[PDB]
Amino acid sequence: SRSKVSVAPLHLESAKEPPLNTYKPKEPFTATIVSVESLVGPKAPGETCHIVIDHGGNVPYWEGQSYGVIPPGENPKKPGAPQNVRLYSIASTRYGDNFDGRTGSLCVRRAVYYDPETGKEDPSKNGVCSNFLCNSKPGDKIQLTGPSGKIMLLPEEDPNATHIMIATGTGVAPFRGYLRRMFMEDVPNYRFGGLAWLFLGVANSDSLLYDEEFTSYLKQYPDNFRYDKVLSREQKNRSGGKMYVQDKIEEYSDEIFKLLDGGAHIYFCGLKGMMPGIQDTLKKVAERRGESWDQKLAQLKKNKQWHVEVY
């Protein structure tokens, strides 16, 4: 099955610009849930679920964009008014998990609150939209807005470009979409022949997301895909400290900077708390090479090689 999967409808490749704000909070699109499944094992710190939504082709999007979801209920801050929209990176390609251009998928981490002293959960303080989504069942309706976002659109001008993707937790979402388009789907107008390098940081092996899918790419395209996993609570860096993504980046610092100097695109997606540590590491490596990171970063942004979407 090393052959690419047929996708339809191909007219989704005809759009010159990505759709933006097709639906707004004022009048959202009522989509329907197809399936919801847990992506993690028993040892994971929290639950992360995969949700497939049927939009019937009414809310098309491009890889890297986000869907807005308006949970039911009233705005706890504004009685009578609807809940605020919560954004979620789309984890599927424009064709969707069913390869028919009718569905989109979300990768959602259940936000739960535990009292730091007693350690007991308090449902009244849990995340409204994330729990609403992972508690959903087939047939349930969901209010969708968007799509939104242009920061994470995939640069396709060069089919042989290099893309270095760095994610933590649910930040892997857009990359699942990128990778399916690059290696799984039969898209005649985009034949990827460059290098895709995915770095994924999670708590432990039971918290890995879509591992079987990414591992399959390693076996099928050894010369075009690299995959490095970082399990914070199971691995230690060269110092006895907890292993984080920036530690793995430092290990490949020489090759990564060579690729960046060569025009590679670098992406960061996931929880914002991941950036401080990465920035410090990149700064150190840059100065080691004799360069000012502030100046190199300014150049990367000017060249449109720097893509960041954290939350």
Given for the second form:
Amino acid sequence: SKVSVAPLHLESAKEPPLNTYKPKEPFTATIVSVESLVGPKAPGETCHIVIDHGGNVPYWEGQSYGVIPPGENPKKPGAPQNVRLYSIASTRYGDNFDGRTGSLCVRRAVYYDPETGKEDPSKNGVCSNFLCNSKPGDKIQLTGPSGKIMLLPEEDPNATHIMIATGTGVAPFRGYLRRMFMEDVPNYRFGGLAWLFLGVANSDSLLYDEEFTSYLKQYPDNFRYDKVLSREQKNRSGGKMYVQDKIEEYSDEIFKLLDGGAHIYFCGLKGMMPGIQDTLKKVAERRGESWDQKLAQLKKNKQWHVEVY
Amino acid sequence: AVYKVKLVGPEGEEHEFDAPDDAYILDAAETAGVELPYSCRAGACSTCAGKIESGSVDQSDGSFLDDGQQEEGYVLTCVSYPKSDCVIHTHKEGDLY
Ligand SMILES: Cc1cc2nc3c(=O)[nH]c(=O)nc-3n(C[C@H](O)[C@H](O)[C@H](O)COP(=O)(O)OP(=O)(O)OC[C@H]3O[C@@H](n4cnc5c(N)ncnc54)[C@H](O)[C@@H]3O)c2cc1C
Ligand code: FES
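Would you mind generating the form deposited with its partner chain bound now that we have the form deposited without its partner chain?
First the chain shown before, then all remaining chains and molecules of the complex.
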């Protein structure tokens, strides 16, 4: 059975909220919790942060939050830190089915001398460490919400959605999937095909596996889930396994869906796209199609959704 | 005050619409049925990059462009407030590096 969520009036809005809070006057939110999502073998830490906005900074799935870390811009004295954007990883109701909180999936950005391999704390990510270092009760300068590119197309409750993600790129999909399968949303009964491809470094780096594996059990006919552990698996030629390699294992199947009107999304660091595109190019050609033309058509049909950074 | 913002596509296509001085140009344009390129929509990238011909805007809510790029006339339309009538050329992301 699905989890009851409230308040339902959060379904009433016709247009998504945008820029409810700007940098000059951010909303002061409160940290509800912070937990590491990875094991000891993960290259670095990625944490789950729950934030209490009290219903003041509501949002729609696929959107992001702005966070302004304390201190002054190191590049502009007297000026506050630039806002860092973070893809909201929770549905509009939040992990509390409250409609009161939202969540972020934050990768800790750290610096290591290319040689001595020693970390220089003075050179690591300000906002990401600030976030993952937070404790219950800490205040956070919140801006937004923002974005429209990753809004989930709901006109067709039986539409097909192929989700390709790497690292923190899984964030918006965690939002989609809770909405399609875990939450009891009367006006959105997903009955299509949700397919999630997630590529990470190793299994200790998997993000929300118990959650996604859970959908594979509850909705075998509506959810497909393929993982790629780059530092533990290998592709056909012996090199590290990447998401495009897993996408390749289902090339014909994936192109059918796209040809049938399926939506495809990409999210995570931008260095994931080059390989993805090359693989798509080679797959379209092994089928006799022009990739440039197909991309142009997919975009035309509003089936192509990218949120890399 | 509400100004008139005139946009120029990468092929001479033009669009002139009302733009409140307290509304981002990207939003003022979409209100008038004008489709413009965008990504983050929060002044963190260059996808919405544009270049001033005449007029001025306040895009301090943005942080992707450096002083030099802004000196040349480049503006992030998703976080730009028109400060007067302007003429802006769209799809300039390709000029940024
Ligand atoms: C639309 C959008 C969505 C995003 N979604 C997510 C998300 O869901 N999860 C996520 O984790 N991130 C996301 N990001 C990225 C995020 O906004 C930040 O860019 C990221 O967390 C790094 O910010 P930071 O403040 O930690 O680091 P910054 O201080 O900005 O530093 C950037 C890099 O410079 C390094 N550095 C700093 N000083 C030095 C020095 N002196 N020498 C050498 N290196 C140095 C840092 O260690 C770091 O790796 C998103 C970005 C956008 C635009
Ligand atoms: S869409 Fe990214 S800065 Fe405007």
